[PDB]
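One chain is shown next in structure tokens, namely the form deposited without the named molecule.
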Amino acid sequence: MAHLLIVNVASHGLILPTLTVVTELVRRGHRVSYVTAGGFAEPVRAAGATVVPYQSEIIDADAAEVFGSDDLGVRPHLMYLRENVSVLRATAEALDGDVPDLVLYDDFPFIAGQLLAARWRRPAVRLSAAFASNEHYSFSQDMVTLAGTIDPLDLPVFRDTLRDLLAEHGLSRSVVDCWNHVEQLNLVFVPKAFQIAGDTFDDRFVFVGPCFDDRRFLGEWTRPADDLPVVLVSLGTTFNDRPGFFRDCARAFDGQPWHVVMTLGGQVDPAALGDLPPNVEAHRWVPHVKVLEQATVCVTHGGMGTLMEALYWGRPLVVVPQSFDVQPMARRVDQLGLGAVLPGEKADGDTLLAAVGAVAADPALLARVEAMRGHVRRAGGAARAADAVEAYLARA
């Protein structure tokens, strides 16, 4: 009954929750256009969607290095607008003659998303792979706050670039109303129980939780031979250039009654770690969902995708936040008592060893992890998202 456009940027965290949703909507006779770049085109086409390529900077940008350049975060902010503009121009060109009935856009390209919907006079849907935002809670604000950057709107060049962009595309919305625009429908990839201030989000928000595959394109992983409890250890895909962290982890678990699956996420080359104990392994990539299924503890920097996949299986958590983008999750896990949180420096090998053992042996924590798993399960998934999408089409 529809041609659905998904507006997104080139990032694992933002695309992976989307895949099984695409496959479900397509299963129901809908047709999907998907904005993406580079190697992401491959899994996106496999989910059933037609790929609309665009030129991305962020795809091979070094996050740590970008946020390091200057002390106000001008470089991050301006790259943000560029990625949005690059996405806006490429989608319009491709689909100006094939107008979608429904524009769905991730938080990141939300400027391009609003402008596209306005340009075509089409209903819109927002997708959140992290925490959702409303009048009470802004995932964006405490992003700025924690990151230490300048407010984007306090940055004259950013503000003017945006004002000229809205003006050009004639969107009848002011810069501030645009930046703080709440969409009529929002698909969020966490349970409401986990969402910060989740009790405050109304009907416009649908908390469907993690949506995932076997994800064979991230490789495959098979239960070990030593039959030791399995600990997943990963720093994600973004701020993951930390051979020190991984090497110290391998050392601490050397001879310990655990089997460690280490995930480098594309930065550190396994070889750069040197030799690992027999109970410790390291990959550029393995499907977290595949390790976590057989796992006992999950050690993660706090990436949402990894947290929700771990909680899906009721795995006690050890969160090792190394960057700002992940701190709200880590704060939320700590306050829900879903695991131990070792922020930055504190996440050394030895401390990480005591934490892994501690949370694996805590009956009260395990009581909370099991219950939360229950909310994740009773959360929609790809099926409930597609339902919302189809009900939304109806009202339009």
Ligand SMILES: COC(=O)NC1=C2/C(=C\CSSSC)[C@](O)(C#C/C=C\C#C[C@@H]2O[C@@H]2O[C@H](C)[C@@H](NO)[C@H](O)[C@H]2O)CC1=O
The other form holds:
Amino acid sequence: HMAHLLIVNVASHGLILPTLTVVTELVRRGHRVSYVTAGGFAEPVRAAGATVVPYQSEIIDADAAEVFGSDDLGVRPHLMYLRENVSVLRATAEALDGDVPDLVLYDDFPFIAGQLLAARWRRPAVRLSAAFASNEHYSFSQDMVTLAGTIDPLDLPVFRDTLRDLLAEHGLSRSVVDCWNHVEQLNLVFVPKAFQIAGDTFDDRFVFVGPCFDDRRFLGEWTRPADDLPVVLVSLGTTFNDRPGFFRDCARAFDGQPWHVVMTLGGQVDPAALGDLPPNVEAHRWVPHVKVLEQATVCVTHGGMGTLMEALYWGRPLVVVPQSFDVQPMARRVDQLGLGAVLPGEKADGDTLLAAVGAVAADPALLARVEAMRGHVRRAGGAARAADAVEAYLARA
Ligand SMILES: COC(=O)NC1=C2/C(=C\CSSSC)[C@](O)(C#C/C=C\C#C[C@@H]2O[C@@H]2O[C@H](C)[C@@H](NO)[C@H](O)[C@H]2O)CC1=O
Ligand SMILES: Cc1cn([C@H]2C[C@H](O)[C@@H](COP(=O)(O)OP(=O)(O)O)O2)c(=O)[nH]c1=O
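Given the form deposited without the named molecule, state the structure of the form deposited with the named molecule bound.
Entire complex below, previous chain first.
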């Protein structure tokens, strides 16, 4: 049974955090795990039991708002995406050509490097999805392309040509379009099937294990106040979070109000830049959302899948304030399932947020649906089921 498992991934919070417990459970079962990452993420990855395979990352330093704002076609993001994939591919082949893994597990983002390594080494592969899974019916990629307003990457000759030669030099007998729309034989999705868009269309190639998490001390620590105010998490995530005005207006509206607000900035905005905060309002660069959500009454989030799932794991009603294309599908789905109030873009000013937080906290119908979804999240199976699926896949392969 014992195997050398490689996890191909890139330098991003949302993509890495869900995988940590899974790494640990596998190491516990006596498997060896190599994990591709960069920079500061190396530390938590090792602590989870994995051997780190460093690659030079471009996204880890990038500002997504700026990248997608650079040109009006998205040429810059498209080509950065390829480079990040290529950087990952080269580093991993270098490190592991001599220590070839039995299984290649790759996140959605580096799926090109994922397929290429699996083919180069003649190994089975597993795709990991930290957001919505994609199949022949629903494509999360297309959804994001359309919502982002960029050109279709395959309508970009230079992108298409690069990818083409990349497959060519690697002898992969697969066309660009088929490579791009490749559905792997096994998929681990960190979402409950009930939340997945078009969930019922997903067959046995997909295992919906939902979220799985530790205390995540590496994100700092947190304890609720010694008072009786209901706690409210407020976060714009880690990606499109350069929004001082938003956090300031939030603190202002909640000033003197019957809530305790915990705001997380995600490494972008400086807490000081907010000015003086009401006594019932905290501001941090980082605190574990799981620890706040355990004590929380309401979760205000832009719609990052991690935060949504950590929130629904505790059955907290939602106020989703999407400020960008990458979370529009998550927010749309929460709205569809009636799991919270959605305040898109400009709508999410402080006063509107104050009312929404109050509304969802006291909506009995909404609360029922949130408690039911919590159920689905709990049944998902998390890390243990992921590992079970992996080991069963190994047995077949
Ligand atoms: C998972 O599937 C993909 O990543 N798709 C793609 C994305 C692209 C470049 C990314 S890196 S540039 S640094 C900014 C792409 O250039 C183009 C495009 C249009 C929309 C998109 C998305 C994809 O990026 C996504 O960005 C989001 C902001 C991140 N969420 O917060 C996702 O983690 C990440 O995946 C082409 C592409 O294939
Ligand atoms: C900003 C922030 C994120 N997180 C976690 C929650 C998620 O699991 C993960 C990803 O952030 P998330 O809120 O999902 O935003 P994004 O769209 O940028 O991924 O990071 C914290 O634990 N504390 C924080 O302060």
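Shifts are known only where both forms have a C-alpha. Positions refer to the first chain, counted from 1. Note that the rigid core is defined as the largest set of C-alphas that superpose within 1.5 Å between two forms.
Q: For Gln256, what C-alpha shift in Å is seen between these two forms once the core is overlaid?
A: It moves 0.3 Å at the C-alpha.
Q: After superposing on the rigid core, how much does the Cα of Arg223 shift between these two forms, in Å?
A: Here the C-alpha difference is 1.1 Å.
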